[PDB]
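Asks: In case you want the letters, here they are:
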Amino acid sequence: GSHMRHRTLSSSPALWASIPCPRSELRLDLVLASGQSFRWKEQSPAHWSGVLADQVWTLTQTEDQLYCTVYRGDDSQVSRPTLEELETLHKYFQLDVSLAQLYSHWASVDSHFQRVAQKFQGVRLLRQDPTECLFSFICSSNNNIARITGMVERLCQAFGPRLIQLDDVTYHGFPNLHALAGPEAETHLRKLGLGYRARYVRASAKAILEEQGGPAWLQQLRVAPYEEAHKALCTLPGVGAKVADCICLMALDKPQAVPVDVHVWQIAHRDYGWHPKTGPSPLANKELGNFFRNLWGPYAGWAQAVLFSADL
Amino acid sequence: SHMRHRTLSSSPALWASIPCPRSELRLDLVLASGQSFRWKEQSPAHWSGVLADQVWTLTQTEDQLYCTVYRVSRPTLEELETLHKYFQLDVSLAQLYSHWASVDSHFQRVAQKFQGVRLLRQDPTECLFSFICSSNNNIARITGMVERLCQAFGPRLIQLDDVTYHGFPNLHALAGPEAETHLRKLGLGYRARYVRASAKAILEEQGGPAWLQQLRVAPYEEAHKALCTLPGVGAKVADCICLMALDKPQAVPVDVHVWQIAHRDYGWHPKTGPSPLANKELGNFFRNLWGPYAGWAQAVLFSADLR
Amino acid sequence: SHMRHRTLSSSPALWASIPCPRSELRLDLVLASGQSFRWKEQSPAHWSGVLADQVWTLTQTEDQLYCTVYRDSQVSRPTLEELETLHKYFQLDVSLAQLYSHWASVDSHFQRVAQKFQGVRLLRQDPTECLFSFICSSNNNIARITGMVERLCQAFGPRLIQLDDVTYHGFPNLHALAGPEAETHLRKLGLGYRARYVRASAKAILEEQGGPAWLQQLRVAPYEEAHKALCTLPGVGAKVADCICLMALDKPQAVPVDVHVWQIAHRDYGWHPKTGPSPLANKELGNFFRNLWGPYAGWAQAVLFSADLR
Ligand SMILES: Ic1ccc(Nc2nc(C3CC3)nc3ccccc23)cc1
Ligand SMILES: Ic1ccc(Nc2nc(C3CC3)nc3ccccc23)cc1
Ligand code: NI
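Chains as they are written, first to last, in the authors' numbering: chain AAA, 8 to 285, 290 to 323; chain CCC, 9 to 79, 85 to 285, 290 to 324; chain BBB, 9 to 79, 82 to 285, 290 to 324.
Simulated from the structure, these hints should not be mistaken for laboratory data.
Even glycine gets a Cβ: it sits at the ideal position worked out from N, Cα and C.
Warning: the hint list may mix true and false statements.
Stated by the list, open to error - With a straight-line Cα cutoff of 25 Å, these simulated SDA-like cross-link-like pairs (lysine to any residue) come out: (1) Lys126(BBB) to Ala275(BBB); (2) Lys284(AAA) to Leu294(CCC); (3) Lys238(AAA) to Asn301(AAA); (4) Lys126(AAA) to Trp272(BBB); (5) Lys48(BBB) to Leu216(CCC); (6) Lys284(CCC) to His119(BBB); (7) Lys249(CCC) to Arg277(AAA); (8) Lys126(CCC) to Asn151(BBB); (9) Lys249(BBB) to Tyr279(CCC); (10) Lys98(AAA) to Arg277(AAA); (11) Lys284(CCC) to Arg277(AAA); (12) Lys98(AAA) to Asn183(AAA); (13) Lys126(CCC) to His270(BBB); (14) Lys48(AAA) to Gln121(BBB); (15) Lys249(AAA) to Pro293(AAA); (16) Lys126(AAA) to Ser292(CCC); (17) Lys284(BBB) to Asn151(CCC); (18) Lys284(AAA) to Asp278(CCC); (19) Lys284(BBB) to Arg122(CCC); (20) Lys249(BBB) to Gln273(BBB); (21) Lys126(BBB) to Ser41(AAA); (22) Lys284(BBB) to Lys98(AAA); (23) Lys284(BBB) to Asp71(CCC); (24) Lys297(CCC) to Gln273(BBB); (25) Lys284(CCC) to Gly280(AAA); (26) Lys198(CCC) to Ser115(AAA); (27) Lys284(CCC) to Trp272(BBB); (28) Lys48(CCC) to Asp71(CCC); (29) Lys198(AAA) to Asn150(AAA).
Claimed, not checked - Label-pair distances were calculated between CB atoms; the ranges are: (30) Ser19(BBB) to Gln172(AAA): 54 to 62 Å; (31) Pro52(AAA) to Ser105(BBB): 30 to 38 Å; (32) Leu306(CCC) to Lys48(BBB): 30 to 38 Å; (33) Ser118(CCC) to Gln172(AAA): 39 to 47 Å; (34) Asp175(BBB) to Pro27(CCC): 31 to 39 Å; (35) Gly247(AAA) to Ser105(BBB): 52 to 60 Å; (36) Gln227(CCC) to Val123(BBB): 51 to 59 Å; (37) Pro291(BBB) to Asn183(CCC): 50 to 58 Å; (38) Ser292(CCC) to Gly308(AAA): 20 to 28 Å; (39) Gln172(AAA) to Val116(BBB): 21 to 29 Å; (40) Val104(BBB) to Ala295(CCC): 42 to 50 Å.
If we strip away everything but chain AAA, and leave its shape as in the complex, we get:
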């Protein structure tokens, strides 16, 4: 292992900065391991360590403050987070968005939400890098949080740049398309236990580079309307309506995207008495997405995240 160690607050308070953030606007423990991102681990209690854009971070919070420290993978000396680095963290947690106001609105139109959301405040959507989000959720088919976390970790060690080692944890940045598109990529990824998903990863990387003109295409979908972005993602190998809706909600700034599968069907039927007006089909899935947009409004995906967090 490495002589360099995971930081805690009160081990090294010189190296931590703070963002003013109520625990009611963000609970790290509900957002960082609830199946949005698969790159955060609680390495010591209340201290969440993980990768953002080829930098490792540790995060912890009091009732009113979000405390962050950053580790850089170069000669540069151990330093407290910069202003620009704090701003990318403010963007990542979309803290511009008032969760208090959204919770109020959903509770006003949905009695079920009002009962369940009391114990589950500070559930918001991370704003993820599209590349990371796409290839993460391509590995999401027929999977659970624990197994995906493993696949993504091994995928990053194999294809992503080595950043730094803290204790016995070696941190890698998320691979670029070129690394995942290479001739060995599928064989290698299959060894790492991706199974059939290994093909979709290589094929989607090749497709975006050759057919769509690189990662600037995923950035175009961030600006494009929800419907255009969703259809465009669904043309990729391994990406159907569910995965396209996850990416839309979590990386392409489409707060109205409602990823539908057996889990959402179960909630809808049990808690709302919903049946299709036309069992899961492509058309009924779209109908159930529309139902939740009609009920909750243009941040329907965000309301869904609160119900998922409350069901788990």
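Dock chains CCC and BBB with the ligands against the given chain AAA, drawing on the hints supplied.
Replies: Showing chains CCC and BBB with the ligands alone in chain AAA's frame:
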């Protein structure tokens, strides 16, 4: 002299008791569960509110219902009897709970923690205009509208602490030319017109209160149809009044809340989303399951769902 | 009686052990979850009841199943053959850890519920006892059936032993339940209409089917043949026949369906018939759970029942 809300230890000379197990009646489940909007717990375990132009305070032990009335004398026999009628204590809740539990496994699991849920026997006039006055969302907003309505149009009875108690208005007061303008200011919106119109309609039809009293004796089906001819009264409101004021224990008021319970807890779908015909079907389902006190069994499930 | 219910600290000379993880068997989830109606927790963590005309007390640690047997005879610790009949009764040859894994892999709902409810397995019951027990199961709950079976056994079954104020009787044979008095007697013991089905089914197995060797033939016969054969008996429909199949005739795929399974299926799985409870829709719901969980569907059901009853 400044008069205060009584407690049982403070002035026990002025309290009478009715023998009543806490299993036959829990005041805390019945008096602020959206049947009546005129009871507040002004001090702990002590419920104060208006019955027929008199203020009462109510509290209970495990075996006794303690009541005091403000008109300095203890409640009379006739006054105790109107309170016995109000809580319909002739009806054995122990026997009903037994019967429902015997035919309904779900009820048996849920009703354990929620004993003493019964239906108040409300004045028809107060019940009708209370439930017309509701957007039918929340207890708090209706409680406000009814309180302000009573201060504006009802006779002043007494003041206890900083609470001024008014009796419910008579039909004449709600039927007047000013009634709609006034009620609109009190925030009723378009419902203010249905209140005035329904008051006029009931007065026009024989004796005002005497018509609603006829519906109390009339069969459930006749009473329900008759209420539905009133401005602002549909099947749901007519079923509330039937169950709560017209002695129709089989009345099952149906809306999205009952649909949710029925579907989730009983696996019920219509055999023909909410429609008038499907709502009637769901009412029939619960009468078939629970029997002639279906409305009372419903009240237990509502009390157990809200907690 | 001068003879008392044993506890593990009171008389450890008379107890033997079977190596058995609490993850493979929780007595407290299996012995009063409506499979058998003959086990009571007479002292905490100590389950006393009848197996094959012998009384047992059972208790467990995290890794061991501790058993003592009461036989007049010299007070002795359980024999090897007696331990083996207990190993058969709990079907401990079957890996519950492997089955739980398989069900959890194909069913997210099961995975959430089965965490707190491990060691739910199916007892292997005597067919006669299971048949007449579950004939009394129509329009009934665990508490009321436990009473009917207890009174039935005292009235018609041989006295085995008394421990404290509890007199233990073996289950009656068919001949005892088939007599001219049987229905009148059983009606007094509070069985109601079920008293008729008990006498009639006893008569039917003796006269029409050639005695209890018929129930042993159904244990060897395929599920579907055994089920149809049970359904020819008075008071045995699809639900009771499926209970007997699962709990006594070694048919792990049998899924007893009634209003209780309908409720779980609809609420927890969003299932509707691809067509309210009917004979055909009940069969459809049984097929749904066999399709989902595989050939041990009945065992997976038992886990959900144990988790629903809490
Ligand atoms: I709002 C929200 C929050 C979290 C996630 N998480 C995941 N959603 C799904 C299905 C339900 C779409 N499947 C997954 C499988 C494995 C891991 C994470 C998953 C999706 C949407
Ligand atoms: I796997 C399994 C586990 C326990 C039981 N128990 C019982 N199942 C039923 C209906 C639901 C089939 N009804 C009963 C009535 C009374 C007592 C016990 C009963 C059945 C199957
Ligand atoms: Ni349904």
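Asks: All the hints need checking, so say for each whether the structure fits it.
Replies: The hints, checked one at a time:
1. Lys126(BBB) to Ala275(BBB): Between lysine 126(BBB) and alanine 275(BBB) the Cα gap is close to 20 Å, so the pair holds against 25 Å.
2. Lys284(AAA) to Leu294(CCC): With a Cα-Cα distance of about 18 Å, the restraint between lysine 284(AAA) and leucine 294(CCC) holds, given a limit of 25 Å.
3. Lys238(AAA) to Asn301(AAA): holds (16 Å)
4. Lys126(AAA) to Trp272(BBB): violated (31 Å)
5. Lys48(BBB) to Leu216(CCC): This hinted pair is violated, its Cα atoms lying about 67 Å apart.
6. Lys284(CCC) to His119(BBB): violated (28 Å)
7. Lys249(CCC) to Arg277(AAA): Given pair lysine 249(CCC), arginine 277(AAA) holds - Cα atoms ~24 Å apart, limit 25 Å.
8. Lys126(CCC) to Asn151(BBB): holds (20 Å)
9. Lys249(BBB) to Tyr279(CCC): holds (19 Å)
10. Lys98(AAA) to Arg277(AAA): violated (35 Å)
11. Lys284(CCC) to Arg277(AAA): Judged against 25 Å, a Cα distance of about 19 Å means the pair holds.
12. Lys98(AAA) to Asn183(AAA): holds (21 Å)
13. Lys126(CCC) to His270(BBB): Status holds; Cα separation ~22 Å.
14. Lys48(AAA) to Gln121(BBB): Judged against 25 Å, a Cα distance of about 23 Å means the pair holds.
15. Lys249(AAA) to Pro293(AAA): Roughly 10 Å separates the two Cα atoms, so the pair holds.
16. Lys126(AAA) to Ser292(CCC): violated (35 Å)
17. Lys284(BBB) to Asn151(CCC): Violated. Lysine 284(BBB) to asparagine 151(CCC) sits at ~39 Å, over the 25 Å cutoff.
18. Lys284(AAA) to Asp278(CCC): Distance of about 22 Å is within 25 Å: holds.
19. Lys284(BBB) to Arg122(CCC): The given pair, whose Cα atoms are some 30 Å apart, is violated under the 25 Å limit.
20. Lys249(BBB) to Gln273(BBB): Holds, at roughly 15 Å.
21. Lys126(BBB) to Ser41(AAA): holds (21 Å)
22. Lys284(BBB) to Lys98(AAA): violated (48 Å)
23. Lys284(BBB) to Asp71(CCC): violated (53 Å)
24. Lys297(CCC) to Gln273(BBB): holds (23 Å)
25. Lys284(CCC) to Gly280(AAA): Between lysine 284(CCC) and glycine 280(AAA) the Cα gap is close to 15 Å, so the pair holds against 25 Å.
26. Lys198(CCC) to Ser115(AAA): This hinted pair holds, its Cα atoms lying about 24 Å apart.
27. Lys284(CCC) to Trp272(BBB): Holds: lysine 284(CCC) and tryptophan 272(BBB) sit about 16 Å apart, inside 25 Å.
28. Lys48(CCC) to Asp71(CCC): holds (22 Å)
29. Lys198(AAA) to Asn150(AAA): The given pair, whose Cα atoms are some 17 Å apart, holds under the 25 Å limit.
30. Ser19(BBB) to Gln172(AAA): 54 to 62 Å: Holds: the Cβ-Cβ distance is about 60 Å, inside 54 to 62 Å.
31. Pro52(AAA) to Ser105(BBB): 30 to 38 Å: holds (36 Å)
32. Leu306(CCC) to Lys48(BBB): 30 to 38 Å: Because 33 Å falls inside the window, the suggested range holds.
33. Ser118(CCC) to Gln172(AAA): 39 to 47 Å: Given about 59 Å between the Cβ atoms, the range is violated.
34. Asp175(BBB) to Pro27(CCC): 31 to 39 Å: Since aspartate 175(BBB) and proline 27(CCC) have Cβ atoms about 37 Å apart, the given range 31 to 39 Å holds.
35. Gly247(AAA) to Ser105(BBB): 52 to 60 Å: violated (36 Å)
36. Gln227(CCC) to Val123(BBB): 51 to 59 Å: Cβ of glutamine 227(CCC) to Cβ of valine 123(BBB): about 55 Å, so the range 51 to 59 Å holds.
37. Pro291(BBB) to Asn183(CCC): 50 to 58 Å: With a Cβ separation near 53 Å, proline 291(BBB) and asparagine 183(CCC) satisfy 50 to 58 Å, so the hint holds.
38. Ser292(CCC) to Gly308(AAA): 20 to 28 Å: holds (26 Å)
39. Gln172(AAA) to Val116(BBB): 21 to 29 Å: violated (39 Å)
40. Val104(BBB) to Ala295(CCC): 42 to 50 Å: holds (47 Å)
Hint check: violations occur at hints 4, 5, 6, 10, 16, 17, 19, 22, 23, 33, 35 and 39; the rest are consistent with the structure.
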